[PDB]
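Shown here: the complex without one of its protein chains, the others still in place.
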């Protein structure tokens, strides 16, 4: 996974 | 205050480790592309032995949800 995947998973 | 400081404990839930990794990476100074590469490489590299094994066997195509669930049986609360 990427950082964008983490952004998508967690939100801000 | 550095992503290089983030390493999973032997008993640390994978979910807790990813949380720390994410929050630290949010605060890190880097381009989005470098943050993506940091996630693709460091997150697995710095995982504990069993989570690292699971993640590598899953492969780089695994989603976040699958990844979390695949590792949830390793370690303590």
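In order of appearance the chains are A and B, and numbering begins at 1 in each one.
Everything that follows uses one rule, which is that contacts are C-beta pairs under 8 Å (C-beta built on N, C-alpha and C of every residue); 3 or more make two chains touch, one makes a residue touch a chain.
Trainee: Looking at B:3, B:55 or B:71, which makes contact with the chain not pictured?
Mentor: B:3
Trainee: Touching the hidden chain in the full complex, which residues of chain B are there? Just list them.
Mentor: Those residues of chain B that touch the unshown chain are 2-4, 28-31, 33-34, 37.
By definition in this document, only the chains that are shown with their structure count from here on.
Trainee: Which whole number of Å gives the spacing of the CA centres of chain A and chain B?
Mentor: Their C-alpha centroids are separated by 12 Å.
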